[PDB]
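Below, in structure tokens: the form deposited without this ligand, a single chain.
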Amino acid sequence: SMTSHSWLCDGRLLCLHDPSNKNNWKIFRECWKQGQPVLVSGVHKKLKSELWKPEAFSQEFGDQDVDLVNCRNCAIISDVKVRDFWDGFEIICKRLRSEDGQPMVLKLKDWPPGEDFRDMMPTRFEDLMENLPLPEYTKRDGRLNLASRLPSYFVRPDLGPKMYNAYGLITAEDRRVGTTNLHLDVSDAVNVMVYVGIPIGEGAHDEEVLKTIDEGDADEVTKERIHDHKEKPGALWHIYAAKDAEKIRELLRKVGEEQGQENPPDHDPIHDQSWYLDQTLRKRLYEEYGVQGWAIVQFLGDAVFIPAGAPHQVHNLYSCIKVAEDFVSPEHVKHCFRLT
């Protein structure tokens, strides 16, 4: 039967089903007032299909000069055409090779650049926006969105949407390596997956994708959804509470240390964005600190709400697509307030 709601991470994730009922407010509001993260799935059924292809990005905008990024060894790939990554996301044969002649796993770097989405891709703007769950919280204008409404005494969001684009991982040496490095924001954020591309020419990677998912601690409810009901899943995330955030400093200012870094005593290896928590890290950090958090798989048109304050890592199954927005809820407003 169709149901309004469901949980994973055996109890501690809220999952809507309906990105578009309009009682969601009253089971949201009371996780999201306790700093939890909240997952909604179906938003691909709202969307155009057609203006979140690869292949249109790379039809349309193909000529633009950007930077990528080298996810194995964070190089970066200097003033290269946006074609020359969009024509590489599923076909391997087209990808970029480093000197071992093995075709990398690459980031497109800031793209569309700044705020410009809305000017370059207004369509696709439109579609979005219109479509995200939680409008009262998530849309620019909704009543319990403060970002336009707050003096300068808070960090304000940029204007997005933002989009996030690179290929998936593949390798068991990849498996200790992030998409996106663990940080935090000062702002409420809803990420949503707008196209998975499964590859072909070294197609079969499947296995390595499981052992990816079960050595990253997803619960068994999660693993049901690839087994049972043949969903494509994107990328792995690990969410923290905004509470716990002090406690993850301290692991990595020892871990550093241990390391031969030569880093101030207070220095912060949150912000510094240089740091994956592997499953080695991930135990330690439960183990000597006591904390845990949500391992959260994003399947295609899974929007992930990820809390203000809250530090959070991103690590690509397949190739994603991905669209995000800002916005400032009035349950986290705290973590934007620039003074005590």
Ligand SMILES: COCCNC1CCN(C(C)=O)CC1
Contents of the next structure:
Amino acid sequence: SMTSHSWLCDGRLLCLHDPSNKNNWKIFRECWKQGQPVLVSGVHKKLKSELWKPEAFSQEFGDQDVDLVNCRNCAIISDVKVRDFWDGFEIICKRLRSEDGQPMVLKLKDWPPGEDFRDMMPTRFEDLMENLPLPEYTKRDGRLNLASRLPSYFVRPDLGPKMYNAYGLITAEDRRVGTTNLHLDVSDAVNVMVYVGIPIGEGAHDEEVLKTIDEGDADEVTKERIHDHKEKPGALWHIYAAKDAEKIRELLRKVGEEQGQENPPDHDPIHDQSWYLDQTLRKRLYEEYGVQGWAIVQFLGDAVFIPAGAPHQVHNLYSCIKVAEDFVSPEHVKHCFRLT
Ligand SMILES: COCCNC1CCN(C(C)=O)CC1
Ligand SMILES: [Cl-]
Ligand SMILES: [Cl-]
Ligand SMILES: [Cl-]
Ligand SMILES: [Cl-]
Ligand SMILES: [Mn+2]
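Form deposited without this ligand done, so how does the form deposited with this ligand bound look?
And the full complex, kicking off with our chain again.
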């Protein structure tokens, strides 16, 4: 039976089922006001699937110059062609190799660059913006998006959207690495999974993905969603409430000191974007500081809503294309005010 919604994270996470239901706001706004993230499934079914394929990005834009990041060691690969990233997205025998001779796990940095998505990809821009869920919050001109309506006393988001493209992490050692390290944003954001690429060549890689979700602390309903196939899992998220951000800074200052970093007592380990909370660190956060988070598996066509001020990290299970839009809801406008 079709239903309006269900729960994940043992009742702590709202999952909306119909991305274009005109009554979603009634269920959404209660959870959102409490500072919780929200998941909306099914956005892929609303999009033109041919616009979101890795082979189309390589064909249309492959001669552009870009920088990559090696996710395993943070090394920058400078001034290569964007086809050198796209042609290895799913086919492992085509990836750039590290000195050890292994294929690299790469992230495509700042592409399209700055605010240039709309100019570079006008048809993709239309297809995404016309199909975003909770459109009074998420459209540039929505009635509940204050982005265009605030004076300079508020930090305003850049013009979006922003594309996030990276390979999947593969090995047991990779389980402790982020695709995007722990950080926070002063705006709200909606992040849509528009494509998941499950490779071939070193395909048969299904088993290390199950251990990563399990050790990642994913709930039994998410695990059921994983274990009976049907939907493709893209990325494992951990999100923390904005009210817990200072307790997380205290843990990361204690760990930086234990590991012989030499940091001033006030430095900001979340703003530094240098940490990934692995299973050891997540357990220490819970046991030593009393802080629980939300472990979220983002499948193809899932939209993750991330509240302003909420610390969050992302670990790709397979190769992912994500597109995100920032917005300023009235519920969370305090997080971008420049005084007090
Ligand atoms: C249309 O969906 C096809 C589902 N592909 C499956 C998704 C689940 N995978 C996992 C759990 O690694 C393996 C391949
Ligand atoms: Cl808040
Ligand atoms: Cl386009
Ligand atoms: Cl809405
Ligand atoms: Cl990062
Ligand atoms: Mn973010």
